[PDB]
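J.: Below are the chains, spelled out letter by letter.
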Amino acid sequence: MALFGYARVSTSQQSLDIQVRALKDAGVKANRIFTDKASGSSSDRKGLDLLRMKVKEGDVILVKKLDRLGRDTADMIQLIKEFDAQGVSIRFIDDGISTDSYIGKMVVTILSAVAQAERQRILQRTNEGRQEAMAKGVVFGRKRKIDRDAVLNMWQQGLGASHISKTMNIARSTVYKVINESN
Amino acid sequence: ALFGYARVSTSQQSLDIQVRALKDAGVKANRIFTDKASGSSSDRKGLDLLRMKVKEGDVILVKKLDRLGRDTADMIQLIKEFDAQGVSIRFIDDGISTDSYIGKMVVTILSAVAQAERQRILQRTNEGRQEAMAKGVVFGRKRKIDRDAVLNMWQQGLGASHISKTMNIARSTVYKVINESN
Amino acid sequence: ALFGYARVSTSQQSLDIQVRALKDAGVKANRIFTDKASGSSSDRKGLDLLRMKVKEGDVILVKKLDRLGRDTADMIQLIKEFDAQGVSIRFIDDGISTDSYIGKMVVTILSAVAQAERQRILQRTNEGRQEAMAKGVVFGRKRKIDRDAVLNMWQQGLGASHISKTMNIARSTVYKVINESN
Amino acid sequence: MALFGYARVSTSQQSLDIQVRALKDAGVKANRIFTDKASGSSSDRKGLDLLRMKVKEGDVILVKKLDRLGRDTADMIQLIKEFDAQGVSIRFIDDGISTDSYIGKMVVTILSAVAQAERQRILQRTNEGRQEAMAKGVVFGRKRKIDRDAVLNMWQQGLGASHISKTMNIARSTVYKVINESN
DNA sequence: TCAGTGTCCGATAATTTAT
DNA sequence: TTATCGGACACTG
DNA sequence: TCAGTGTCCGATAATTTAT
DNA sequence: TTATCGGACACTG
DNA sequence: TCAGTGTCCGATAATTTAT
DNA sequence: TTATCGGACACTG
DNA sequence: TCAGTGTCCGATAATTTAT
DNA sequence: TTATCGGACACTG
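Protein chains in written order, with the entry's author numbering: chain A, 1 to 183; chain B, 2 to 183; chain D, 2 to 183; chain E, 1 to 183.
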């Protein structure tokens, strides 16, 4: 009954807001909502790490979808098991299912398990996608901003780099690089 | 390299059916590994060892799901581990293996369905403890010492470092029989 | 308005335990329907009747999944029929209901898991008998008629009707004992 | 392996090609690929009907994803029952499994079971969707086309309905309804 | 009254492949 | 995944 | 060389309740 | 669970 | 030769709600 | 889900 | 009124194989 | 799966 929220994001679609509104619509107050922008690091999840420090027997954490609490089924089951012993349950808003009962945890598991397999089948199709596009001749990576014909045409003209980097507005690091590559 | 694993938790120590089934499947005694729950923490030292002696390409065998893993959490981790190591599990009766992605899923599912049905039995077993507990069924090891001779000889005056020598019981139990019977 | 349903398929006709559970659950005996599968094609009249006598709002109780249904297809059908008719099923031991969307899914999954486990047991039993027609083992009902009193009487010049009257057996059999003992 | 294909479509996204492509890519001849586009009417899947009349023992039908062959899970489980007692088996490309074995069927069943659940959950959100908009004020249905301020302005004037529906290009049914509906 | 050149990374910024 | 940015150094004179 | 008396746990052994 | 088995202390006179 | 009038559908077409 | 077409009827004058 | 004789099934009871 | 009961024929003279 001592309600808590949790929201998480992993891509450009930082609609963390859309998550937090979903949380507040469900009666969780800003007071006890915990956020995580997974900066792509091994496991730098501060928000959560702070959530399990304040919850005590009685409380109920809320999350919007399954694939938020946990990246992978193995991790997520441990989390639930911990909490359970601690005396706290998790309610999933969109899935409309929850950890308080036994057939509850069962469904949760069954559900994220079908997720993970689907997740992985996509991951493979995405890597082959890169191969039949990479060998195809498609170009990957940041589009080139710099007018390089304006670097060659300025160095072959006598002038030194420090000068070139100031008149044009770019780092000197780049100027020399542009030179050594065009041989 | 093929490996076996068998485990037991109750009086039905047919570790033999398991160990035989594994042999039939082609596992040499040489690499079959055994554990038998004494009811301690997780002194599954036989398992602990088997996972030391495995390398990329090895395959472990087990007769049924609920052997390897007690709870689905513990189970999934063990596979997550073995998998990283380059090793797979093939379950004989359940007829599936951690070999593929779908494989793992079906394992994960079946244990999850098991744990569930296994929990309901526990709570049912427990509810039944109470419909015979208050009914009047006595619990414990059945009494064996003749208590109509311990109190019959102590009240006569004979010492307590002598009555345990006449009969065949410990000196701890004579003082327990006297004190408790008030 | 509550209803019950119990069913039985083997010697363990503890059809009572079921109806005790359905009365302990709060169904009036008025509303507890019953069937007992002889093993014939499909003679479940009790159900046939129940599904005629229920209206929107009613709930049917049943003790375990594997009662309402032999196989998972039938199982879903029954549910579907009831569903469009304003009635829902509640499985006791299992502790789930066809009340909701998730509700039905869970049921479906469970039966599917069960069916697989069921067809594996069938193929094992089926290899079990096969591989035990190599040693003994003697199948069939145990012989009762004194066959050493039939030959012993027929070689004595006596005729088959006499032998059927004297020993209280069928003339069908008199000849069969003989023609199957050369 | 008598190979066969099957593709199906239910919305504007009639990318029937993508499916038929997937099938050919997987190794079916157009010679044995079969096609159905539902029109929303009761049930008119004449294409499948045809194919299950032409298969025999040994044959294998291919399909791109689960939700193509079967609408609801019973209907799905029944086709398979039919096909099974016939000596055919279905392979699902993207889901990477087939009715081939016992465990096979189980997985198929479990998966569509999940599908149908999450599909109904979507559908009820679509329907509470038209409610946070129905009572919000929005008007549903076809946009009104007949100029009504010329039907009533022509009727109080006195003229009969028959003359009203002949002058303006409207059916006499619509005249009466418009009148009876607005007073 | 120190100052200019050129090299070598780790951060940071935009970009592709897929449901 | 490739591009640029901002600095840290190690040289020269 | 007490030399016995009395209490107070940590191991084991035999049991019960249920699929 | 409850019953026994072997001890370890902490005191006696 | 009705010949005009008013009602009550089943079919179609055009629309909105959403992942 | 609401807006129109075409008809099918059952009446009147 | 035969009156007797043998052969060949379909239904059930008992009994096996396994969880 | 087998063992047996009650019969339904087909034969028998």
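Some hints here could point you the wrong way.
With a Cα cut of at most 30 Å, we get these calculated DSS-like pairs of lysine-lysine [claimed, not checked]:
hint	chain 1	residue 1	chain 2	residue 2
1	B	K56	A	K37
2	B	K136	D	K37
3	D	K136	B	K29
4	D	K81	E	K136
5	B	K136	D	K46
6	B	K81	A	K65
7	E	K29	A	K65
8	E	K46	E	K29
9	D	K37	E	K24
10	A	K81	B	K81
11	E	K81	D	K46
12	D	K81	A	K65
13	A	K136	E	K24
14	D	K81	E	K65
15	B	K24	D	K46
16	B	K46	B	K56
17	B	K166	B	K136
18	B	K81	B	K37
19	A	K81	B	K37
20	D	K81	E	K29
21	D	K65	B	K136
22	B	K65	D	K136
23	A	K81	B	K29
24	E	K81	A	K136
25	D	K81	D	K65
26	A	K29	E	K136
Calculated directly from the structure, the hints in this document are not laboratory data.
J.: All hints are to be evaluated individually against the structure, with a verdict given for each.
T.: Hints and how they fare:
| no. | hint | in the structure |
| --- | --- | --- |
| 1 | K56/B <-> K37/A | 38 Å, violated |
| 2 | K136/B <-> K37/D | 34 Å, violated |
| 3 | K136/D <-> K29/B | 27 Å, holds |
| 4 | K81/D <-> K136/E | 34 Å, violated |
| 5 | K136/B <-> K46/D | 40 Å, violated |
| 6 | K81/B <-> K65/A | 24 Å, holds |
| 7 | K29/E <-> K65/A | 42 Å, violated |
| 8 | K46/E <-> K29/E | 20 Å, holds |
| 9 | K37/D <-> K24/E | 52 Å, violated |
| 10 | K81/A <-> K81/B | 17 Å, holds |
| 11 | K81/E <-> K46/D | 25 Å, holds |
| 12 | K81/D <-> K65/A | 29 Å, holds |
| 13 | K136/A <-> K24/E | 22 Å, holds |
| 14 | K81/D <-> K65/E | 24 Å, holds |
| 15 | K24/B <-> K46/D | 50 Å, violated |
| 16 | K46/B <-> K56/B | 19 Å, holds |
| 17 | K166/B <-> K136/B | 40 Å, violated |
| 18 | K81/B <-> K37/B | 24 Å, holds |
| 19 | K81/A <-> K37/B | 25 Å, holds |
| 20 | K81/D <-> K29/E | 38 Å, violated |
| 21 | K65/D <-> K136/B | 27 Å, holds |
| 22 | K65/B <-> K136/D | 28 Å, holds |
| 23 | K81/A <-> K29/B | 38 Å, violated |
| 24 | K81/E <-> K136/A | 44 Å, violated |
| 25 | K81/D <-> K65/D | 18 Å, holds |
| 26 | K29/A <-> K136/E | 26 Å, holds |
Taken one by one, the earlier hints fail for this structure at numbers 1, 2, 4, 5, 7, 9, 15, 17, 20, 23, 24, listed in ascending order.
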